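Presented as structure tokens, the chain that follows is alone, the form deposited without its partner chain.
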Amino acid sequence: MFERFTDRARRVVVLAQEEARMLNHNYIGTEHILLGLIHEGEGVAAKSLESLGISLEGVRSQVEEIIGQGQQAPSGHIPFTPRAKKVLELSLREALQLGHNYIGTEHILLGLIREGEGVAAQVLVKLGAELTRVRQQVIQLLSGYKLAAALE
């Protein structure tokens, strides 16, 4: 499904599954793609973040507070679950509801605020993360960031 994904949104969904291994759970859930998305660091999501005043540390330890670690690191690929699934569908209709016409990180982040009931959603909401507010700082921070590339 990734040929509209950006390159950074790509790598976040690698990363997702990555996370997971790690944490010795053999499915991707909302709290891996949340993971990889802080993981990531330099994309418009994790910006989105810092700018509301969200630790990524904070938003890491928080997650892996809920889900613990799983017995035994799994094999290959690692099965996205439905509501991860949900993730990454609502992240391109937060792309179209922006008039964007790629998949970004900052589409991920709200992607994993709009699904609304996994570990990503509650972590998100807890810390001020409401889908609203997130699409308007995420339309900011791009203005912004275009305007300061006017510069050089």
Given for the second form:
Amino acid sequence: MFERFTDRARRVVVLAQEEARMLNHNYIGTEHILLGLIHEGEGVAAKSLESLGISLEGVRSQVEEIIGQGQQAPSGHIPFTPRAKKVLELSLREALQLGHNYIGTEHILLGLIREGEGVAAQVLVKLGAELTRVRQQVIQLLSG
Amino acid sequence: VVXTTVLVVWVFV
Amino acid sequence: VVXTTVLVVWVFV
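Form deposited without its partner chain already given; the form deposited with its partner chain bound follows:
Now the complete complex, all chains and molecules, led by this one.
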């Protein structure tokens, strides 16, 4: 109970909404959480990717090519898709597995992958970001 | 250990 | 345009 999102993880989600605004999308999907993850580009999630050979601007144009752009930009709140909601919930499940009592960008990466159906997961696994592999780069990196 | 999935201001209860 | 960034029930306010 009471697991807190890190201030870095919170930014990823705030960023997720704006990525979708820039693209004129009227939703926040898993892809925009991955763009947010990329946009803050600083956490354990970003280093776990780069440390596996994955270029975060490669990821960004890969995702941007798949989802395109919207006609016009919407206002106020843009709703999170259910599967984007399920990423954040799988982040907590991935943090707990490791025995962590917080949710940071590392766990958001794992939940994006574990979600296993969205644009973000499809892009990630095409680039070796396999779950158990990313789990291990997360653990060795976190050791300290 | 006890898991709650309400998202409430960035914390899961 | 008012763009609050507190997350309430999955909605920003």
